[PDB]
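Peer 1: Chain residues, written in single-letter form:
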Amino acid sequence: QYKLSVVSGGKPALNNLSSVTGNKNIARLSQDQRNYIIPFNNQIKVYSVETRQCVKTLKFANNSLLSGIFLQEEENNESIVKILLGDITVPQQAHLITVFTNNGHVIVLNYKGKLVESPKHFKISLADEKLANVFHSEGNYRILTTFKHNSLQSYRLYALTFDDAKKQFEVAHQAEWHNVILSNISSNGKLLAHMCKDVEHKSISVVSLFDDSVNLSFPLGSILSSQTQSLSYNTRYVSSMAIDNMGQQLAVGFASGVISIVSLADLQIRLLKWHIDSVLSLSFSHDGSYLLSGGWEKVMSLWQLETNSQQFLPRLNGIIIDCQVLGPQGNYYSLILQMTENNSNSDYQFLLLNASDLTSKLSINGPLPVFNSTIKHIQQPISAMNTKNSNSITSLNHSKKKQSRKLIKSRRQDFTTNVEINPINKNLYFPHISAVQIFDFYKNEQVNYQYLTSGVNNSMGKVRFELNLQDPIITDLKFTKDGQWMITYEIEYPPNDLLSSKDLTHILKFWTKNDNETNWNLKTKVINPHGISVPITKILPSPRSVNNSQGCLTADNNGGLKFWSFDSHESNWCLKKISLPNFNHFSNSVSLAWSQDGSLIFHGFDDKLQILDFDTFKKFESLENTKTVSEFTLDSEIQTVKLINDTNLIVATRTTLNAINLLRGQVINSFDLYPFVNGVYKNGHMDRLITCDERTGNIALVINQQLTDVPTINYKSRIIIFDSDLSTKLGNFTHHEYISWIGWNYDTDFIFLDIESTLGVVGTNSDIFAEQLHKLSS
Amino acid sequence: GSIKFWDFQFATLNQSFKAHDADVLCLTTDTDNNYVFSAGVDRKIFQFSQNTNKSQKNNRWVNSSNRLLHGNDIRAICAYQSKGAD
Amino acid sequence: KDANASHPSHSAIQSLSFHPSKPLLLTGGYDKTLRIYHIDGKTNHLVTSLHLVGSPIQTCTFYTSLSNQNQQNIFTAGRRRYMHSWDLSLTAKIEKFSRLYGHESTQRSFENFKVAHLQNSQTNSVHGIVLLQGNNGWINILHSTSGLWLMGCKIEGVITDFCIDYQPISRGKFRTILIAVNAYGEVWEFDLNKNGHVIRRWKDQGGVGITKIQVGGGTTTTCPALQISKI
Amino acid sequence: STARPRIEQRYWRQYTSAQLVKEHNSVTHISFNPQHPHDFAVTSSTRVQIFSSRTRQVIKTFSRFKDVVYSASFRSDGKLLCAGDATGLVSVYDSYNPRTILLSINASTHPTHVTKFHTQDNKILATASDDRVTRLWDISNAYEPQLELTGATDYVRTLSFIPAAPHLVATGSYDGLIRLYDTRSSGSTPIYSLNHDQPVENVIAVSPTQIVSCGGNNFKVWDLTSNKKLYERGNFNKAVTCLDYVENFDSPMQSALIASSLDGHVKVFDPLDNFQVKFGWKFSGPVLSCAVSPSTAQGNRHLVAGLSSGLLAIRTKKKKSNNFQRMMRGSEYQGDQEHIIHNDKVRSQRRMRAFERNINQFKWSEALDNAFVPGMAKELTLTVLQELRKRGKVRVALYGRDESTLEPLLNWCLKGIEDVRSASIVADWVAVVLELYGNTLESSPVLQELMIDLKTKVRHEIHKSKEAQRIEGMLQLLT
Amino acid sequence: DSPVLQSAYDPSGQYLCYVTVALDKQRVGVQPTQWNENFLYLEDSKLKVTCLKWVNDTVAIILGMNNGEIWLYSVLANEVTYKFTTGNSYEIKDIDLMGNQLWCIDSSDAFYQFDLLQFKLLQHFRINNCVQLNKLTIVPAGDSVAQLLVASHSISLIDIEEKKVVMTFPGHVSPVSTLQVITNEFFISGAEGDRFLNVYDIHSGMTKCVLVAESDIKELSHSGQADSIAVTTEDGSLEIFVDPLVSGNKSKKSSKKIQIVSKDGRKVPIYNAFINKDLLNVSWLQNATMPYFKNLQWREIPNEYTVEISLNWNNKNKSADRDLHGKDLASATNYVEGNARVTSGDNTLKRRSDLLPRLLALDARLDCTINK
RNA sequence: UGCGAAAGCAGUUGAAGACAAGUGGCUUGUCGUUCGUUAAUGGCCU
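Chains as they are written, first to last, in PDB author numbering: chain AG, 9 to 101, 104 to 158, 165 to 215, 221 to 730, 734 to 788, 818 to 831; chain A4, 260 to 345; chain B8, 239 to 328, 336 to 476; chain AF, 2 to 8, 23 to 334, 353 to 512; chain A5, 2 to 35, 46 to 67, 72 to 262, 269 to 368, 529 to 553.
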């Protein structure tokens, strides 16, 4: 009765091609600017901008029709690169969109109501392994193609020509060049500009594509002044650029933060200077009097050119990556946030905002997970320094070779994310770096985003030396599982080169929400329980046995345990009972368990399963000594002690499995675990890997890593479901892509999470007059 | 600081720039008025340009460059051009 | 019939306008409730009545785009430092313009503005302009769709009022001029389809303090055109 | 886009304007107008003094009594007032007009100690002298009471009624032995007696079901529907002298009752959760007659304390042209009878301060300067030091300073090392500044005076911390 | 007062054609009854719509103007197709057609024959002894093109060939404003101003019943077999009589009453109902000029009946981008502590001696740096 | 860079190609180069 069904949405899937872009955004509007056609990795979303909802999705698994283009195993780099508005084949005749992914697969997708099940899966001849773009105007569409050196691609401008041979589009081969380090297209597409690197120095060209009009090249050594002839490469290096639609103005945003403006005929130099970090986002208006700029500071800054001044937008809560205006009269700013508070994933954030009061309409998220390391081609953006958030200019080949060969020669690849599920409304919390993301996966979006520290997350853009002021990372938060409290615990760091910079220090607090609001109010905080400088790593919440989920027992890596129960005579949270066995050793590989009726407390220390009672906080030493065994000892270093119900149990160590019965105080069964995992985990991570059902056990997940023919970029989910304390392998669900965690949603189902972040689940005459008046309505 | 460009006939303002952050005291130009360089007590000398065909058709000036290479103040500038020096 | 008689007002009537083609009157006063009536010769009623708190409006008007004529934006402003635009769609969505890009030190108020079309004159992106008054000699021309500061113009002496005169150039091209006065009464007449620079200036025969200038006869704010060739 | 982040007993201690007026003798007890106690009377010797809720002094008084007077009591309508003296000729006369006397009728020749009207009837008045009998006189025909309420062993001394139950009169004598007579009875027996131990000081009825009596160094409660005690309290130096009760006033306590006990502090218990004090405030000695005003004082509310010396402490809580107006007439309509209503307001927040906006604009130097001034608060200085250490780099905050700017930092760490929550962090502050600024002190040898002064006082404080740690080690050994 | 000048339902009750005035020019709008924006404007203020009737069959209105024209106006092609002139420049007062043949009645008392298939004027006759005349109705007996029923102020009956009065009826004290045949023998009359409809036999002329409203009638619809007559009163209520021809033996009162009040304590006046078999469509101007409708099922509603309608009265304008306190819900909410009770995880001397290793480290490094 | 713990434990620290500069040639420094080792006065509004 169980089966794989991958359901919910994932990443926005932009042009994740380092310098192979000038736009890196094809989230288009209709020509009636009311609905937003945005691609994903998992869907196509059509949004009503007047309500910020989805009027129609085109999911990437519901049709084999489309997903023959992308449902394969290792070639899942089928990313989506261009959207046009009308039928390309027929001349302008009604409104259904066309779609190109990275392989030149022409798709003609339906746009209104319900789709017709014949998408014209057209394909041009040469588009075998490429698509940079096509560029659009009336009639003529001109494809930018890439062939193969010094790590420079070759860009060619061919034309889609299609007049009467109704089953073949043929290219027309206008332009050729073989050297690109950075390129860009205009906001109307009628002009582009690239660089060439061709030594007596590097050079920059600006070319037309729809005529013979303006085709020129010039070395940028003239644009580089004597100050940047002298000083370092962060001043010599172009970070971003922009061109005008007219063809008389070229912005070059240099990596220091200066924004040069050069002309076309006379080639003057003109300098714009406010940005302190590097600049990544440069675009002109359609009239070319305002220059939109977004850098690593959290501000959206737009320059009026004929005053050379600026209007700000202070707190975008992230890092701006690309921005332009795209209204035909120029009323809508499309842009990409990134918010690199987690360096693991390139988790962007698509949004547009009005030009009226700069209010944001339809912040389009993906699910933003909290991994442990970089995933699969996760490069870092170009800053001036090799900071903790990104690498510098000189470490491009260095960091890409380091990450690629690290994933080749590594053996430690867990990145197991911790989440939670809310028993009020069944949305899943991604506890972010010093924050949360409450994702309601029923319609694959968010609801809010609360900050969870009193740090420097919000009120300051992180600049070149403040980037190493990382924010206090939270580890986890516990729901009171009536859905009432976020009991969060977080670790915090100081800036380095300080005597108090040694320790990473700890703080917990308590959050209450009503069912009305989506935020949480802070009830109380507790700064370093169990004394100072002690981790509080494993805390367990309680069922409705004691006071309708008021029990939360805090633990330690040292092995101390305290009990914590809410009360109302003291309108506050406080503790109940105290224990700190101060071992002079420590071990952060600790699990815990607790009985669902409230009887047994299980401390799974470093290979000793000590047993306390509930009532008196101590080791149960009764008055009989007839198999009242209140201390187990397991085979090796364990990571989980899990109780599925009050009779039997699963403990998990590094090498094998074991099952325990406690009414019948013995061991039961065993499965192998080291034939599955080699060295993949860090200690304590099997706890957040597997999570029990209320009835039907748990799903131990096989961690695999598919070898080359070192691991290649094929991956696994061959998950085998277990029922009722290690009894049946009743389903081996096969899948070609990775996994991080599996949780239980309360309809006896098991939601799993992909790294390519797709959430899924294994679970259970007057009529003619009326019609013609409906046609005459508009 | 408000460097304001007025038109001669019609006696009207033409442009304004509040880029100087102190009291402007001096400013000069060249022969056919392709540039104007200003300075005052913000110890900053900065430029305005009118060189390109768009600037000379629309008669428009852009705050092209800015430069601080001083210690306290400016109280005088002047400029010279030749075919042997500029 | 008295056009207020269906649903009356309480404060003064500081602004009164007509829809350019539809049979609609707009009433706006200091009691910060801009009403719109459907008017006719027998019994004329209230279509809607937007109220907006904390903003006693001074002047407010209709606007339609010249290009596609399906915009129908009210613009309203009072003594405060913000004005409001409205796309009327028979529950309302109104935007609050307050982003002064270039000049932020010249508006103690928004209480005098006009709205006017213009062409691009290299392309033909015919679009709106809000023209706000300032305090010294400043009148700032914004965008109506976006809200961008297009530019500004300062005359010498205190602004008292201003008006907009269009003129045709070819079959499909036109040019807008802004006319502005002092209290002294020497006017500046400058086109603003190119950059705002004075192309004519002269002097009224008399007046110590002149108060209000209005152009008319052809098309204007109160009698706007619908097709671009109809200007 | 978004904004920028920002980083009971209090009610009874916001009672102030505690002024003093010394009498010429002691204060027996007091009274309050029952319909509106905006005036009140105290029973001075040979005069009764009546004060308002505004001027806080005598607004009217009567002083043609010939002996020391004991009891002042308003009728429930609050128009006339009774007064019993040491002569035993109890006088009732109209209030808000002192110079008239309605009727002065003799009681027994013993000094009439207490005299109070019926709590709901407007024409029958209870008197008690030391004749071992109390009397329910009728003011319509004040020639003989209706009831010679006999049945006492010694010295009937304090009367009260039951509020909702009319026929029950709770009298109290100097025998313990709180009697409660029925007015339709023979006037010789109660239906039962309540067994207090000491001579009762006075008794009030705080419910129609529960009374509180006080006499001796503990006060008692008494249930009347079942003849039961549920509570006593005796945390007083002398006997609880007077009692008072109030219902439904403005506090985190719904209803209060106070006991005053000749020992400075007067205690404020509550029948919400069985008679615990919030906090009791002292006075200038033997507190004899002390009460706050009843419920309908309407904001302005006075507590008075007439001591056995005689000084009254009064502590009170107290919470162009027509054409231009017609030009700006429509200012208050606010959208009542028309279709839709917009609301787009930004809120004028709390007053952002100069150091706060210095943090907001990265003005770290003058943020430090605004921290280290005596005009600003000490805990504000601690919090801004903690927050700017957590926020920014102290190196780039101190990247160009000298010792003339550094000296209030050291001058305030001089007193802030002794703090409990900011000791090591201000030690980290001076650690950074001496970590990177030794060249300044070896150029200018001035501020090492404060360094060595700091050194000797921090040796004192580290000795203090060491001895405190070993004293809690004594607790650990004697666990 | 109603801003609708006049209105009429299509047969079978699906569309409403209504003439309003809009800046001193009348315009005609059509609207279905479950948006349409083809307003046929008129030219000038001296040209206003007097009367109108649907036809049934290329769908079309015909509109008798106030000058002597009948604008046969298609609804699909948004213009007047044909312009039936008369010889006089006199304002007409009513039109009624049956099949091909159509009758018009002038202010100069003439009767005009037209045919909308061939676009001619067939015949043209005024008759004696009937002078103030404002509305007629052709009496149907299958193909009874003869014997039409003319009415103002005393109702007359006219054969079209003998061309004389055949039977007069007791009219009213006012001019007649509604004249609707309901069966093959009975017709409703109702004047302006009066509450009193009356059914007349067309053979014997005796009044069978007098229908008494509770206000002045404005218009009425009836079922096909005259088993139900709904009238709309002048004050905007509605009175539907059930079974009016069955016997309150002479003057039938109002059977059921319907008004449409809002939930704001505001009555909106309805007008121009339509009843077919067990369905009643009511119409009312929601905004100042747009007509909304409602399809009440008719037989099971109570005798008095109010219809609540949704109506913007004091509704808070809520954006699609802001919360209650007005913050952009496309961004993150801010951290705050509020008034939380701050305490560490202990319960004082051990709060002190926690940082005592840190305090001795800080002070010994202080002694270190001061001797350095 | 690897393990591990808020801890110590082991190593990279290469080469080629091309260019720049000082002196056809030589000498000093780099690379939005293939390969290997796990190793710029420019700072946040209404």
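The set of hints was computed from the structure by calculation and includes no laboratory data. C-beta: ideal position from N, C-alpha, C; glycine also. Just to be clear, a hint being listed does not mean it is correct.
Each pair of labels, with its calculated beta carbon distance range [claimed, not checked]:
1) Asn-365 (chain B8) with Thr-59 (chain AG): 46 to 54 Å
2) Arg-319 (chain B8) with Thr-533 (chain AG): 38 to 46 Å
3) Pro-335 (chain AG) with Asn-250 (chain AF): 53 to 61 Å
4) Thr-59 (chain AG) with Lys-348 (chain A5): 17 to 25 Å
5) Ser-370 (chain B8) with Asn-49 (chain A5): 28 to 36 Å
6) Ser-370 (chain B8) with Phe-267 (chain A4): 46 to 54 Å
7) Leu-469 (chain AF) with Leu-168 (chain AG): 54 to 62 Å
Peer 1: Taking each numbered hint in turn, which are not upheld by the structure, reported in ascending numerical order?
Peer 2: 1, 6 and 7
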